[PDB]
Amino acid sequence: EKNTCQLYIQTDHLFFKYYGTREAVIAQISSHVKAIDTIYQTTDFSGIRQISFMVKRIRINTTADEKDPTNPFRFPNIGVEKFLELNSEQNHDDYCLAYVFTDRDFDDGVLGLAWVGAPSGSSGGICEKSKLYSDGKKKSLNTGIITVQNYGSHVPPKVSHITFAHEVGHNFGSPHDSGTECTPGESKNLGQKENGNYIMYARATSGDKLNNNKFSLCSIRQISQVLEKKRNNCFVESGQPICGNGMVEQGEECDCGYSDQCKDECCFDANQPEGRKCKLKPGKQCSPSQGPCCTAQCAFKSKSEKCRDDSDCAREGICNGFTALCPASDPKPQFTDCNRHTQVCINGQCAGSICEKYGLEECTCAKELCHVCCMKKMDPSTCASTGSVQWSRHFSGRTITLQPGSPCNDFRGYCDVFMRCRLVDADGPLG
C-alpha cells in the first residue's frame, strides 16, 4: 500500500557546471532515481515488495546562484559533514527524503553522506521531521548528499547510481556490510569473490560485478525493520505522477514546475486548474522540459543540431527536428579503449577493465597498486603486469596505470594523482 517514498532532489552550481545545461542535469536526476527505483522494487524486504521512489520536486541551481549572498552552497571549499548539514537545515516535512547532488572532491574518498535510520531509539534516516536538535538548529535529518567527483575525476553513472543507493540504504536504516556472509569480495573462495561485495560495502566499489547491484542479507533485515516501523508515517500509495516536479512523465505534455519555479512561457505551471496544468500552451510545439531538442522559444531544433556530445563509446546525438526529445545515440564497437586506455566498453558504457579486451581479467598487482595487472580467467597464478613479457603480444610492454579515483587493492581504497592506493576507513568516538 504505502510503499513509495517521495523524494526532493537538489543540485548545486558545481553539478550544473559539469553537465552544462538544466536539461542535462535533469536527465541525470531522472536516471539516478530510475536506478534506485529498480534496485529497491526487485528487493524482497521480508515480504515487503515493490518499494519504489518518486520525485516530488526539484531545484536546479545554475552558476548564476553562486553570486547569491544568501546561498550557503556557493563556497567552493565545503566539508562533506557541513555540506550535509546545509541540506539538513532546510524544512523537508513535505518529502520522505531530500537529496542534494554536487560535483565536489571530498577528502578521504567520500562519495556521499547521509543519516542512518533506525526503528527506534535514534533520530535520522528516512522520514524525519524538522525539529530542534542538540546543536540548536532546526534540522531535517531525512537528508543525504552525493558527489560525482573523486580525486579530481568524474565517476561513471554506473558507480554514481550505486553510490546513490548506498546512501539511501543508510536512510533505510542499513549500516555497512560486515562479515564474510555479507562481503564476498574478501572471501577466500574464487566463486564468491567474482560476484563482488554488495551495495552497502563500506569501501570502494566498481559496479561491474554481480552483487554490487543488490543488497545483502545483512542489509535486507536491517531495512525491513525500518520499513515496518517508519514507512507508514510518510509513504504514499502508488498513484499517477504529480504535476510540477519538473520532469515530463506519462500523461503530461510538459512540466516546468509550480508558480514560484516555472520560468517557461510555453507551459502552464502546476498552479493552473485541472485540464491545463502541465499541458502545452497554445501556439507552442515543445518545452525545454521535454528534452534538449527544443529551444527556449519553444520551437523544434533543426536536424543538424547536436544534442548529446561524443562520449567514449556513445556517438553524437543529433536531433530529428520533429520531437523535443533526443534519439538514443548509437554505441561504438565493444572492447574499445575508454577512460584513457584503462577500461573497455561493455554494452555502450565504459566499464570493466582493459584486460577484457584480450580475454583476460583484472587482478591486483604484487607503489604498483595503481598499475593494471591482468590474469587469465579462473587462474590467479597468471596475474602479471601489462608491461610484462607474458602479455607482451597484447600490451607490448606498456604499463597501464589506473586513473585517479579508481578502485585498488581488492576494493580497499582509491588511487590518487600520485599513484597511491589510499584506504577509506574512518572511525570516530560515540557519545
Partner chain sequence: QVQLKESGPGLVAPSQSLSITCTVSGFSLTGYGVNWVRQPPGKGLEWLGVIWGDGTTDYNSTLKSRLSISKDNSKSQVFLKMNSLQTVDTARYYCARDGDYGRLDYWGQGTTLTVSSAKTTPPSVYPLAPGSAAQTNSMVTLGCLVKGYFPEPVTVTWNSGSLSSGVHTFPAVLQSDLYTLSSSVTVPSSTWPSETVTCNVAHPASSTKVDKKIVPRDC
Given for the second form:
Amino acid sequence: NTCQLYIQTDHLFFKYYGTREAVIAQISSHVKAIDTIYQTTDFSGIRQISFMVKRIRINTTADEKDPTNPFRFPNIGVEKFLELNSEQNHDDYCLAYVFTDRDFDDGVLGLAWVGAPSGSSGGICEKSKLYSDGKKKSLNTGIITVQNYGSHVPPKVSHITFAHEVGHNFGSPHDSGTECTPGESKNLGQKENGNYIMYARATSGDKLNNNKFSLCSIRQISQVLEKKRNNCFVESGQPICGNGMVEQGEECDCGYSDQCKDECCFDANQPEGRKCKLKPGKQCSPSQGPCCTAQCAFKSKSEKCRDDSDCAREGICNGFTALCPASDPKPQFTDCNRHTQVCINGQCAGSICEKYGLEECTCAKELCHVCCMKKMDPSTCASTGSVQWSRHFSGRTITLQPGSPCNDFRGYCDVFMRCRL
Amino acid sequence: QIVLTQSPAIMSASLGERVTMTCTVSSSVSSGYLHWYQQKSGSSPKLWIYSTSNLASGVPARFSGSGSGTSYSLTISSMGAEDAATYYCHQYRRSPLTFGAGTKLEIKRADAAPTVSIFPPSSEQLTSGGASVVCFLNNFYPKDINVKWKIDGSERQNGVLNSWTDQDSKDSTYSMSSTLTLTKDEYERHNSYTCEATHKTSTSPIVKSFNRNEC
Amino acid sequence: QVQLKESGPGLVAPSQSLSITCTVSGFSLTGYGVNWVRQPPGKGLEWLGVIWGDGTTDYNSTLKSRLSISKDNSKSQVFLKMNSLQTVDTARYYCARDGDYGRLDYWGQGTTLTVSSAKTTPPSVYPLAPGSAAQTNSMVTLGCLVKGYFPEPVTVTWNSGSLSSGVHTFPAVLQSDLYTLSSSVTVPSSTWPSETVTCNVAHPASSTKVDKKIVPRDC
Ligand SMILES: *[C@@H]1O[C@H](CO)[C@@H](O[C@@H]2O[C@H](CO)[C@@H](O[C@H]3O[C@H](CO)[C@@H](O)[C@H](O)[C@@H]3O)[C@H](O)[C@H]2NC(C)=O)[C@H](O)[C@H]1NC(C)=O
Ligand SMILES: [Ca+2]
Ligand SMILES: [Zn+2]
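Output the structure of the form solved in complex with the partner chain; the preceding block shows the form solved without the partner chain.
Complete assembly follows, chain above in first position.
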C-alpha cells in the first residue's frame, strides 16, 4: 500500500533542470505518477497500492569534482550505473532509485532488478545480502534517464518509464504474446489501443493501453505481493517530515539537518511542532515553490517562474503565493517538437498529421519519415513529402526527431534517420 | 505583533476556591503553541501547562488548561497553599515571541488592620545632615492601602519612599515601609510630623504622629 | 538531564558592552533553539531574542540595533551581546530551551545584571526606636534603616539571627543611584529595653559589618 522510497539524482539531472527546486518538483511528480498508476490498477493483494518517499539526495555539479562520487564519470554504462547504486546500504527503504540525464546506448532508459516472489533476490523487498565477490549490494534498486539519442524525453514518457522498471521490481517481466501486446495484433481495434506498460520496446503517447499494467503483469505481480508485501510493505499515514517535498500538515520541507540549507524552514531534526514549519517572521520557503527567494519572501512580479514553451506561454511569479502561476497556452495548433506535433491547449502530443485532419502512420530509410493518412484508412498512408498531401505541406518532408518511435514501436530513430530496433 | 492580554491581572482566592485565568491573543494561533508558566518570588519560571491542555512533569492534577483560537484558560480546581504565584501565557507560533501581561494570584485571608509605627530621625542621622522619618505598616490585608505624609497638618508630596513585602508565608499578610526624607534645616523648621494610613478595614484613617519639640 | 546556566558580569556601567554565556547540557543545540528572556525588577517576562538549531536568529524589534546572539555548537554555549547599555537595562537575564511547539520547558537560574555608574558605597545604618513615650501594647516595634548603599545585596539580621520571628525586612528601593532598605522587629515590652536588641547589617560589596544597639530615645 505504501513503500518508503529513496530517490537520488546525479549532477547531470541537476544541471539540466537548473535548481534544486526544479529537480525536486520532477521527483515529486514521478512518485505521484506511479502512485496514481498503481492505485488505479487492481492488484491481487489489496485493491489499492501507493508509494511514499522517505529521503532524497540531490547531487549537484559541485559533486562532479568530488573524487568519492563514482557517478561523476560522464561515460558510464547502464549496467555499471545500476551496480553503483546497489553497493550502498538501503535497508531503511523498500526501494531506492537514482535519476540521471545520460544517453545510454541502444535506447536504454531504465534498468532495475527483477523482483522474485521467492527463491531468488532482486526487485522489490530485498535487503542487502553478502552474495559473491564480497560487496554488499542492495538489489532493491533501479535507474532512469531523461535523455535518449541526444534528445530529452517528455515528462509523460519519463513518468511512465519509472512505472515500467518498478514493474520489474514488483515482479513483472516484459509483456509477451498477442493477448498482452495488442500493438502487434492483426486487428485494427486492438492495435489502436496499443501495448501495455511492460512492453519490451519503445512507447510514447498512445495513453490508453500503455499507461496501466496488463493481464499478464497482474498475474506475475500477484505472486510477489501475496508472499512478500506482507513482510515488506508498510502502513498508510500522515506524510513524514524531511523528504524535501511540501505535503499536507507541514508548511515547508527542506530535509534533515545535514541536508537543509534553507534559512526559512526548520529541518526534520527539529522538535515536534516546529519541524517542517515556517520559521517566525518568514512568509515562505523555496521548498514550497519556485516563486520565493532564500530571504523568505513571496517573489516580486515579472520574474520567470515558467519559461515560454512550445505549447505553454510563460508563467510569471508575483507575491500571491509561493508557486508558479499556472501556465497558459499561446495560439492553437502551432508546431511543436520541431514540426513533428501540434500545439492545442498546452500539450505537444499526437503528431503533425492531426493539424490537417490526418493521423500518424508507419511508412511502407523512410521509416524515420512522418507518414500521414486519410482518417480510418491505413491504405491511404502516405509520406509528408508525397503527392497526396502536396496541397498542404507543399512538399517539405518532415522527418522524425531523434529518439522517436518508429516501425510500429520496434525501435527508435537515431540522429542519422535510422530506425534502430 | 501578536499581543497576549491576560485577565484578571490580580486575583485573590481562599483555600479550596476555584480560579480561572484568561489569555486573548490578537490573532488566532494553533492551540498546540500556547503554554502556561508558574513563577514564584525570586525564582525562574517553570513550564506549567504546555500545548494548552497538557500539564508538565510534576505539576499537580488540580491544574488544567483549555482554549482554542483566541481565548485560552487556566483553571485550578482547589486552590492550594502552594499555588500562590504569578502565571504567564506564552506563544511563539508567530514572531515576535511574546508573554502575557501576567496574572498575580494572591491567596486570600481575613481582613487585617495595619499596626502602624512611626519613628523620628535618630540622633546619629541628624549629625550627618539628613532627616528620615520611617513609618512602618506591618501585618495587614489586603495589599490595597494608601499612605500619606503631613508636615504640620499640611500634606507633603516630596521625599516619600515606599516598599512592600511579599505575602507572608505564615499569616498571608502584607507589610509596608514609608520613609519621608528631607534636609536637616527643613526638619528643624517644622514640629508635628503625621503618618496617616488609609485602609479598607478602617472607617477613619489611622493617624500616627510625633512632635520634634517633645524630648 | 537538561541544564542551562548563564554567566553574566553582574555589574556593568552604562554605555558599556555586555557578553553573557549560556552554558547548556543534556541536549544538542543543533536540534533545539535557545531564547533569551530578561525580567526587570518587579516586572514581567521580556523577550530579547532566539538562536535556532541551524544558526538562524530572531530578535526583539526594538533591540535589534544593540542585541546580537551567537552560539558555539561544539562547546554548548549560547552568547548574548548588547551595545550601549542604558540604566533601564537592569534585569535578570534568562536563557531557556525552545522545545516541542516552542515550549520553554527548561530554564536557567538566570543572572542578575545591574547597569549603574554609582560607586561602591557602604550603608549608613540607623537605629529606629520609639521615644520614651507610652507603649502601644504588650509588644513594641523596633527597626533599623539601611540607607544609601551600592550595590545590592545587604544582609540584615537581628540579635545575630537569634531573634527571627516578628521581623519584616522590606525590599530595597533605589532612591537616587543608592539603595535604601528598611527592617523592623516586634518584641514584647518585657524584652526591650530589658534585653539588648541589635540589628546586624552586612554589606559584602564593601566588606562592611555594622551592629547598632537599639537604645530608647532620651527625653
Ligand atoms: C552523490 O555524491 C556522493 C559523494 O559525496 C556519493 O556518495 C558516495 O557513494 C559511494 C557508493 O556509491 C560511497 O562508497 C565509497 O566509499 C566506500 C568506503 O566507505 C568504498 O568501499 C566504495 O567503493 C566507494 O569508494 C561513498 O562513500 C559515498 N561518498 C560519500 C561522501 O558519502 C553518491 O553516490 C552520489 N549520488 C549519486 C546518485 O551518484
Ligand atoms: Ca514531508
Ligand atoms: Zn523493461
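Shifts are known only where both forms have a C-alpha. In this text, the rigid core denotes the largest set of C-alpha atoms whose superposition between the two forms falls within 1.5 Å. Positions refer to the first chain, counted from 1.
Following superposition on the rigid core between these two forms, the residue from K193, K281, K332, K277 with a C-alpha displacement of 2 angstroms or more is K332, and no other.
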